[PDB]
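Please find one structure pasted underneath; my questions will follow.
It is the complex with one fewer protein chain than it really has, and the rest are unchanged in position.
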Amino acid sequence: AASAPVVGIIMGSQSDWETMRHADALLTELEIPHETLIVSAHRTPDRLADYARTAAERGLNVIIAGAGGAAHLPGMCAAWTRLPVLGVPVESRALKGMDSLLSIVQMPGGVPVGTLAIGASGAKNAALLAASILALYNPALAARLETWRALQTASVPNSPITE
Amino acid sequence: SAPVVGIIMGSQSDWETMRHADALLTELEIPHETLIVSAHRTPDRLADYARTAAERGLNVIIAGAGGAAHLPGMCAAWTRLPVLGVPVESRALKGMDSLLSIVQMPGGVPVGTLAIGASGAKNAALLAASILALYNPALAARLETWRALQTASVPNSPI
Amino acid sequence: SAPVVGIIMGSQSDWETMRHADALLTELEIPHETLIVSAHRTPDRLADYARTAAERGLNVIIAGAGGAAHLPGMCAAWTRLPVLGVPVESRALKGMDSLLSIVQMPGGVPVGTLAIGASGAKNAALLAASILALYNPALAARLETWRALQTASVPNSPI
Amino acid sequence: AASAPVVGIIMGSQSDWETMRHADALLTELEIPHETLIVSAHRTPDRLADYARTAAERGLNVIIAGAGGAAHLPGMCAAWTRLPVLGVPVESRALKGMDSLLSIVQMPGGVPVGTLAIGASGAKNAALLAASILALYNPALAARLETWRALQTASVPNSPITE
Amino acid sequence: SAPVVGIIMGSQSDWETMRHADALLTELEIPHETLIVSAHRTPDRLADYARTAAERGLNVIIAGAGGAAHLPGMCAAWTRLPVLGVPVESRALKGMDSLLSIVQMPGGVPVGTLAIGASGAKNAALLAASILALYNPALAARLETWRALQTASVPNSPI
Amino acid sequence: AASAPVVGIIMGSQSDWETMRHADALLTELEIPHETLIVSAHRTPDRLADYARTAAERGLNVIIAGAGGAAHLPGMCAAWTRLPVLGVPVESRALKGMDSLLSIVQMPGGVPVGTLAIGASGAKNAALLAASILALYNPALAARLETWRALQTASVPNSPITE
Amino acid sequence: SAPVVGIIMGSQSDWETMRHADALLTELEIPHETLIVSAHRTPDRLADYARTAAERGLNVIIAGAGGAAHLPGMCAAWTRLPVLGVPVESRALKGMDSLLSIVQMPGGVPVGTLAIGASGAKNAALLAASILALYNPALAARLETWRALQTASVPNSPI
Partner (left out) sequence: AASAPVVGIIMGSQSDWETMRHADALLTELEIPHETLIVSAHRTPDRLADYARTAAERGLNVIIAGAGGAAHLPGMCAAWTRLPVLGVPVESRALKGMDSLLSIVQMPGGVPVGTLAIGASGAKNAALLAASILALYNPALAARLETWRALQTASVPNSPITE
């Protein structure tokens, strides 16, 4: 039960891994049990439906979904689960993730997707946001998160390295 | 009499736009159904609709949605039938979000996308008609007449 | 009775948008506070609000702002609590400036961003509710009912 | 007659081939007889007029047209043929295909162009869309398309390769 | 009396914009014709118009269109005469689609593009006038007067 | 007098030459006498004022101006000359010429700038447009232009090289 | 009494926007002149104005323009004084053209750019005030009071 996943990281394809691995790494650093899978809204719609519908009963508390282009994975996941869904816009080749961003963040009232920045920063922040959500009812994790945020602030240099 | 084209839209708010597709199909006497199906509010309704479309006799699906428009793409994910998407104009981004969320489908699952708004709805219907005309001589003739009237009716000078 | 969600907005001009978040939380019976906090006009008020949020018992912060929207990001800089941002539609750029200034946070300080405008405000409230529902069974049940009613209420055909 | 082309793939120039070859390959994979030509709306307007006007009588059922920049090939082809025309926005150097996309998709009511994604994905999907159209009256092709779509779904991995 | 400039537009809906070009040419006493020619609805009408323009005595063609604006570019494909394009403001994308579809012509077939809307129509007429003025002394003088009056009429302070 | 320049090609800086050289080459190919200079609207405003004001008296008939970023050269040239001014948006590093394009094409009613495409294509077309203007009163050039356009059309291949 | 700030705008149409800069300077009792100067219609008027600004005693120039907005940049080309630019909202592109044409000045000739519209005009005046306050103690005090009142006047909750 201590190893049971509480966060699910899903992505449309292997090409999205270069970006989503940043979410995986952060969750591991904060000792947050999670699962990482590939789920395509367009190629495996039934797999997505089943995954999202059963997420809560399986013990998941937060879902982090990443996709690029006509990015529908986060939005459709949210349509099937009552759990909070965080979306990461994967940078696209031509439109640099603008298509990914608008397709994820512009959800109409009624079905939310908490959206993060385009790319690696967004993936890392999706993990951090998930951690902050979990920290609300996990004192141990809250402490680890506090230490992490504190270290981040303390590690900022006062002046740049002018070579 | 059975519908051969299905027009689906995310919500009642999309009707002002999608009614143009409905009117066109009726004008060309193409049997069709016009329904509301929300990818985000009624995902199971969408899955069932798209999955069973072919069996029910539908040949083409015209889907309209605005904002983070996922209806056309998800419909295409469940059916082998041609899916045409109409980006509905959104309040803030004027349909740019609708357009990109519909047209940028990665390789493997297509959605033939039309223009933002009423023009797109009308054209989705005309495109569906041109598809059906490939195997329906009578309709092909009516479509030819429609296109001919459109061309001949353009004035030579402004009023 | 103590607030568990704090809704903050840059100015009175943002209320027409943020009132949708307020209405939703009230509908779901989620105790909350609704205030005006300007990142640019009242920076110290913001620092104090964000810094003390956790101690005061708040669990989630919903922040709305338009233009060079910095309220959500700066709130997140001072609190460990989840911060959700709502881009308020701006006059000229229709919220594109609001959206980019809120969603593009670099790694290390997150802001869960929702859609531009009213939809975003409503969704920020719903997202906050889904977060609280993880440790509040009664609310979880009310949220399930809310989502179920939304799905069941969608019409099958346009009027 | 079994080799007679039923789909015509036309492109503005040789530079568009890198993109349009994806449509050609897909049609061949699905055993769909087709022709692939270069037709410039701006440099060979009369060639385009003749091609589009005679497409139907020549046996073509669908036209896939690709162009970049001020992309007019798809739209003008549609102005002269009653056949369904699918357009592929070729990525441009400066505007990354945004000019190509808007110049193709924003056709006013009356003359349609079913538009696909910018680049290679769009070319592949134009071919797939054409196949789905042809499948409506070709049982053999419909079967091949069904198998293709099914294989696509079955070939999606469950988890990413984390190196 | 024979027209030396041809103003063509996609449809009646473009007249509110293109009338500004017509008014300017008339003010400068430049003989011209004003017609409707649709690249998409009347492609053969366009081909004939552009192909025969030079023979008919036209020196410059001013073409206006909105959305997927192809009229200017296709006119230029058929004539050796200078073609000036006016992007008509579109409903959703405010002429950005019109602008890119007109100005981004690849090397080999030019279209001198003006601003979106009324300003562009007025300037297309003025640009045509500046072209004609190179070989028409009388017109050159009237154009000089027009430009001089424009400069001299600008107020020194706002009211 | 046969060597006297009838077209003036001006650019904001040496960095714009990579783009504007395409206009220079085209004019030379069509045997159109011209001058090519660097004139900065922002660094040499008085040089620009003098150049534009005296262009007509010096015999110039058309001015082709190229600039990038906050591109003001074409517009300000047009403010001082009654001659037709053609503008070429030079591609910029960050905004890919979108800033160049809007700063040149969006001239208000009263002071025109015939704008061409972003980059090399625009430079080549500025030269071609200038040639078409000059051809209206130069039978010899009109003939050369006709031959050039005809050759362009005849040189388009019928099919792509599929390697 | 002599003006230390010059507010210039392309045309009367820019006054609705630039009047906000005028009002602010008057409120802070900063002597200034408000004029119309068109970079495109009155280029020589602009050259003279910018060239002689310093000699006339001006310390800061606030320039507003829309569309292909060149007034601020060209003013900066002729004067060593700090030039602040205000992008006026345009009809079609909502000031995006104004903004890029003003802010994207290459290295060597700066223009401190403010937001599109009224906010930008007000801020250009405030920025000019903050500049003058560096060497004018009395004004510095009035500016401090202005900023303090702005901060203190923000309500704590929406109405």
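List of remarks:
Labels A, B, C, D, E, F and G are assigned to the chains in the order they are written; within every chain, residues are numbered from 1.
In the analysis below, contacts are C-beta pairs under 8 Å (C-beta built on N, C-alpha and C of every residue); 3 or more make two chains touch, one makes a residue touch a chain.
Within the whole complex, touches from the chain that is not shown fall on A, C, F, G. Of the listed residues C:9, C:53, C:103 or C:128, the one in contact with the hidden chain in the full complex is C:103. Note that of F:7, F:11 or F:32, the residue touching the chain absent from this view is F:11.
Touch with the chain omitted from the figure is made, among G:2, G:134 or G:138, by G:134.
Counting over the whole complex, chain F has residues 11, 13-14, 16-17, 20-21, 24, 36-38, 40, 43-44, 47, 69-70, 93-96 touching the chain that is not drawn. For chain C, the list of residues touching the undisplayed chain reads 10, 39-41, 43-44, 47, 66-70, 73-74, 76-78, 90, 93, 96-97, 100-106, 108-109, 111. Take chain A: the residues that touch the chain left off the picture are 91, 96-98, 117-119, 121, 152-153, 156-162.
One rule holds in what follows: only the chains that are shown with their structure count from here on.
Listed by label, the chains that touch chain C and also chain F are G. When the interfaces E-F and D-F are ranked by how many C-beta pairs touch across them, E-F comes first. Annotation: 50 Å between the Cα-based centres of chain C and chain E. Computed centre separation for the pair chain B/chain C is 35 angstrom, with centres defined by C-alpha atoms. Computed from the mean C-alpha positions, the centre of chain A lies at a distance of 18 Å from the centre of chain C. In chain D, the residues touching two or more other chains are 43, 69-70, 95-96, 98, 105-108, 110-111, 113, 117-118, 121, 152.
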